[PDB]
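Now for the letters of each chain:
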Amino acid sequence: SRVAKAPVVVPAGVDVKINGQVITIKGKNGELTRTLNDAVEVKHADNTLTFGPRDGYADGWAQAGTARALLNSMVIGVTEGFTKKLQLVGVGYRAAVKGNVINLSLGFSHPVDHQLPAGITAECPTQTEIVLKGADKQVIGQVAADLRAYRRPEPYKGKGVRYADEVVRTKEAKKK
Amino acid sequence: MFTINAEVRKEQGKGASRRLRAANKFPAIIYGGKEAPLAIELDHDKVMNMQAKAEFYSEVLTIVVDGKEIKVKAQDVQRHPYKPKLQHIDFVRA
Amino acid sequence: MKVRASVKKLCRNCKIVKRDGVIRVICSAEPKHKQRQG
Amino acid sequence: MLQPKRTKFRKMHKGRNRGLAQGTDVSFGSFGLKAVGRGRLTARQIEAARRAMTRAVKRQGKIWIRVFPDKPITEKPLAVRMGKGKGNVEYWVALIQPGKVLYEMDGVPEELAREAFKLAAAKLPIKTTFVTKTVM
Amino acid sequence: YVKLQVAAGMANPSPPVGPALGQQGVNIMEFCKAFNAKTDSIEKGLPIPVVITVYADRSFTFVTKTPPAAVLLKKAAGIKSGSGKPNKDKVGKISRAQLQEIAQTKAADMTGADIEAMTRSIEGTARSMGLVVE
Amino acid sequence: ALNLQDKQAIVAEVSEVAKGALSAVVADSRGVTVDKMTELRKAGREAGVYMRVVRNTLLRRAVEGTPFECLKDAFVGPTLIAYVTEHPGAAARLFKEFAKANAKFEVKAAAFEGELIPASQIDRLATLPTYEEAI
RNA sequence: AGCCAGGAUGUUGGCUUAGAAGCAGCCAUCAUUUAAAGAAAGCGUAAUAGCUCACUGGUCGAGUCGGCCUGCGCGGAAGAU
RNA sequence: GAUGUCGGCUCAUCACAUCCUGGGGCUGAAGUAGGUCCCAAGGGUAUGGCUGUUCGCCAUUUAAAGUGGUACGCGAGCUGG
Ligand SMILES: [Mg+2]
Ligand SMILES: [Mg+2]
Ligand SMILES: [Mg+2]
Ligand SMILES: [Mg+2]
Ligand SMILES: [Mg+2]
Ligand SMILES: [Mg+2]
Ligand SMILES: [Mg+2]
Ligand SMILES: [Mg+2]
Ligand SMILES: [Mg+2]
Ligand SMILES: [Mg+2]
Ligand SMILES: [Zn+2]
Numbered sequence: 002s003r004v005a006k007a008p009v010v011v012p013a014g015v016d017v018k019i020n021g022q023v024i025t026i027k028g029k030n031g032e033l034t035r036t037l038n039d040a041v042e043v044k045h046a047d048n049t050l051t052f053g054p055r056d057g058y059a060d061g062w063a064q065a066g067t068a069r070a071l072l073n074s075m076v077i078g079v080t081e082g083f084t085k086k087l088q089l090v091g092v093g094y095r096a097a098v099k100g101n102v103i104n105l106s107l108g109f110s111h112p113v114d115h116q117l118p119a120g121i122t123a124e125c126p127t128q129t130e131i132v133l134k135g136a137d138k139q140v141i142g143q144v145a146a147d148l149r150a151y152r153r154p155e156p157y158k159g160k161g162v163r164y165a166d167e168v169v170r171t172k173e174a175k176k177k
Numbered sequence: 001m002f003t004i005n006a007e008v009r010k011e012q013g014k015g016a017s018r019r020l021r022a023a024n025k026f027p028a029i030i031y032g033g034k035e036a037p038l039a040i041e042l043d044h045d046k047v048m049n050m051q052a053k054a055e056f057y058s059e060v061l062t063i064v065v066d067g068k069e070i071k072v073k074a075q076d077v078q079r080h081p082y083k084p085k086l087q088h089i090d091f092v093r094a
Numbered sequence: 001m002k003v004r005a006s007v008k009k010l011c012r013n014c015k016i017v018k019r020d021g022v023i024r025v026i027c028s029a030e031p032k033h034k035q036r037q038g
Numbered sequence: 001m002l003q004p005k006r007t008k009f010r011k012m013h014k015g016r017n018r019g020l021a022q023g024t025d026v027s028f029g030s031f032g033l034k035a036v037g038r039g040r041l042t043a044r045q046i047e048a049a050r051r052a053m054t055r056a057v058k059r060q061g062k063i064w065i066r067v068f069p070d071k072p073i074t075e076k077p078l079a080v081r082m083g084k085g086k087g088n089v090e091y092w093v094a095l096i097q098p099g100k101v102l103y104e105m106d107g108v109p110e111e112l113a114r115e116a117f118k119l120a121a122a123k124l125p126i127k128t129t130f131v132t133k134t135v136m
Numbered sequence: 008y009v010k011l012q013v014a015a016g017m018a019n020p021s022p023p024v025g026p027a028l029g030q031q032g033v034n035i036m037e038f039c040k041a042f043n044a045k046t047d048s049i050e051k052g053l054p055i056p057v058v059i060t061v062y063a064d065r066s067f068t069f070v071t072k073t074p075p076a077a078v079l080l081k082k083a084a085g086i087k088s089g090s091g092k093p094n095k096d097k098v099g100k101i102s103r104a105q106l107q108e109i110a111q112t113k114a115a116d117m118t119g120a121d122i123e124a125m126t127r128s129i130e131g132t133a134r135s136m137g138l139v140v141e
Numbered sequence: 002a003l004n005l006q007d008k009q010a011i012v013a014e015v016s017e018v019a020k021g022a023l024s025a026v027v028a029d030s031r032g033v034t035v036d037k038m039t040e041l042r043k044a045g046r047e048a049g050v051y052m053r054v055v056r057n058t059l060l061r062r063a064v065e066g067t068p069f070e071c072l073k074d075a076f077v078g079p080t081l082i083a084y085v086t087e088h089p090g091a092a093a094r095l096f097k098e099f100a101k102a103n104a105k106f107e108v109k110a111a112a113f114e115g116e117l118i119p120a121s122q123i124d125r126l127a128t129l130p131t132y133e134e135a136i
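Protein chains in written order, with PDB author numbering: chain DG, 2 to 177; chain DW, 1 to 94; chain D5, 1 to 38; chain DN, 1 to 136; chain DJ, 8 to 141; chain DI, 2 to 136.
For the record, the hints were derived by calculation from the structure and aren't laboratory data. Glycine is no exception: its CB is placed at the ideal position from the N, C-alpha and C atoms. One or more hints might be untrue.
As the list claims (entries may be wrong) - Ranges between beta-carbon positions, derived for each pair:
(1) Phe68 (chain DN) / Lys2 (chain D5): 32 to 42 Å
(2) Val33 (chain DI) / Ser66 (chain DJ): 26 to 36 Å
(3) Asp20 (chain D5) / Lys14 (chain DW): 47 to 57 Å
(4) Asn57 (chain DI) / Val139 (chain DJ): 42 to 52 Å
(5) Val168 (chain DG) / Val33 (chain DI): 40 to 50 Å
(6) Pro12 (chain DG) / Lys72 (chain DJ): 58 to 68 Å
(7) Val33 (chain DI) / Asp116 (chain DJ): 14 to 24 Å
(8) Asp25 (chain DN) / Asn57 (chain DI): 34 to 44 Å
(9) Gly108 (chain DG) / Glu98 (chain DI): 56 to 66 Å
(10) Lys53 (chain DW) / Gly23 (chain DN): 24 to 34 Å
(11) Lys2 (chain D5) / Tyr91 (chain DN): 30 to 40 Å
Full structure from sequences and hints, please.
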């Protein structure tokens, strides 16, 4: 509602295509398409996008706020883009990129090979760092969660795959 | 100055009084002086909020019964056995 | 996870959330405060 | 644990527990714990609740118990058939009707009385409400 | 960077100052004699507070502060140790002339603007240790 | 929580000190510890300067009563006032050294003669000496 | 609500303890500079440090907070062909 | 004008309040090994010494030796302590 009422400014170079509930947002950093909930009425006009409830839909304003939020990060995606940074903590824990595949050494018998999806690219500045880049905020978040899942940070030494901005609280082992 | 709006009761008894309370209203009585006692009906929410102030039981209140103004004092109160509601009020003519 | 009929906030970092018709207590500070009504 | 010191008779008819309470106002203290429900309070329940409210106020202020368990309750033990006399008195109850002020308190702030009465209410078999003293 | 309270003409023993400041990287014989050379003017039997400022090259510089408020109220009332239960047990007495004596000494460290502002700050230290104003 | 009785009283106390003082200094003080502030409060009281942090809404109200009704456009961001009630100057010099030595903040604008002084031209009330200099 | 910034001085309050410096306990809980900052709500240290809150200035710009009387629902809810 | 009782043997069938194996949250979970709760009924789930015993105690196993319903399942199926 406060989110829905806030208009999304479409910058110069960003193309907006609306086919009813289907919205295509084209930019320099790629193209993203989303189908908005029927309760959402989207209006283009000027260099902005406005969102409102559709008459007869009980959750219109809650839906319009979600649609707003989504279209705002679609616009950011196809212009600036998104960046998720992960860091490996632990002895022998190393990472490398070979095209669209992240090779992860994480204390297992077999090294882990993670296949990246369309639109997501990775680069390892260090053997203990993964930098993901993409237009889709949801897909980059999913890939970062999938990579972290291979070895989630342990509470005794902070070992595992963590997000760069992650606070890993450690604890002492049971006494005696 | 507390101003209570009241209407004279068109009925009396158990049935009529329970019907008033089911309609968010409650019976009350005004007595004292040479005048005949006057059986009235009050809006529950209006009088409930008023009596929350300690001044309701000490000050001279004014009951407005069909245009006419009656100077009174709260005499007795019958409260609901366990709910924050009023069942009946006695007003004495001041 | 504590599963019980009476689920409450146990500290300021506790949050009551309804997920799929189940009342839960999710805490950002204490894992022992994580509850599910059941 | 409350109990009559002596009684005219040992045993009592079951009786019924119809009606609304007598003694519905806060008569001695500033706050009260009032019955919203109907039922029987045992001497053990009354003592458990008295203990809970007393610990809560750190034995500061003053507490009144407006209820008294004066009704004797008999019970027949296991492996005993019907009849052969009325059972033996095991415990004492107070009959409670909607509206009885069960306990009263003063000499403590409202927030502390509400908490002490919240703790005491959790020991009781009947629903209660927090009440305050009124002008008439 | 550490804060300590060492005696007027005494600085060297292991239990009070020894491995407390030595663990960081401070010279134990250099500070102990440079501190007593400057605090020689300060009267015998008065704990004087000193703040240490250490750098990356193990070097050090110190600024000497005026004796504590809970320290000066003991010698003014004639007591060695304060009350175990303050305001519940009285251990001594100090006049209005003695309150202004501690305040005029503490003026270099106090935040107060007037003499009455600094005197009330010593009045609070006296009440919280069991010493009554008489 | 500040009530309207409190708000009216703060406008009253700063409106009174506005009339009596000669040179007033408006500046920023965000990102400065209390140790350095209690040090500028000791350096202020000494130079006969009144130091305060007031809500910019409350200032626009205390300043409306003339002659600082030009300092309005400096009541955007954290605002700290330096009212010199004893001898014109003192603050405009005290703030310039405190700004340069601490690097934090920028010092918004100064006021004297019922005229606005920009952030660059604060060298006018910084070069002025004593009262007490004409002899 | 979020976000920026501060969260000081006497002082490491007194007693106790190898140490207790807001943060084992016990007692007191004022006063100063103040926009505001408890002689300290929790985590942390052998004790300090360090992190954050109560509180306050800025930003933002129109609503926001949780008690009362009530209707209908939700969890609590495991059994044998 | 009769519905045969305890225990065993044989043969089972269901529930789940789960003994093992499977998944998971918390742990006063370093690991190994545990504690507790949630999900889960697919399969699996000792032989002996004593006693009519069911049970129980004991010996030695096992991943484990589950808890209950079925006329305290089962004598026109057996036994008869
Ligand atoms: Mg009838
Ligand atoms: Mg789910
Ligand atoms: Mg705010
Ligand atoms: Mg027959
Ligand atoms: Mg189950
Ligand atoms: Mg349990
Ligand atoms: Mg099975
Ligand atoms: Mg075993
Ligand atoms: Mg059988
Ligand atoms: Mg046969
Ligand atoms: Zn919590």
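A quick look at each hint next to the structure:
In this structure the hint that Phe68 (chain DN) and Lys2 (chain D5) lie 32 to 42 Å apart at CB holds, the actual value being about 40 Å. Under the hint 26 to 36 Å, the C-beta atoms of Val33 (chain DI) and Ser66 (chain DJ), about 28 Å apart, fit the expected range. Between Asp20 (chain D5) and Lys14 (chain DW) the beta carbon distance is about 51 Å. The supplied range of 47 to 57 Å therefore holds. One distance hint, 42 to 52 Å for the beta-carbon pair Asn57 (chain DI) and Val139 (chain DJ), holds here, with the actual separation near 47 Å.
Under the hint 40 to 50 Å, the C-beta atoms of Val168 (chain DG) and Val33 (chain DI), about 28 Å apart, miss the expected range. For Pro12 (chain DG) and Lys72 (chain DJ), the hinted distance range of 58 to 68 Å is satisfied, since their beta carbons lie about 59 Å from each other. The hinted window of 14 to 24 Å between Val33 (chain DI) and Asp116 (chain DJ) holds, with their beta carbons roughly 21 Å apart. A hinted range of 34 to 44 Å is violated for the C-beta pair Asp25 (chain DN) and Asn57 (chain DI), which are about 54 Å apart.
Evaluation of the 56 to 66 Å hint for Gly108 (chain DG) and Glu98 (chain DI) yields a pass: the beta carbon distance comes to about 59 Å. For the hinted restraint 24 to 34 Å between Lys53 (chain DW) and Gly23 (chain DN), the CB-CB distance of approximately 26 Å keeps it satisfied. With their beta carbons about 35 Å apart, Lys2 (chain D5) and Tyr91 (chain DN) fall inside the hinted range of 30 to 40 Å.
Of the hints listed earlier, those the structure fails to meet are numbers 5, 8, in rising order.
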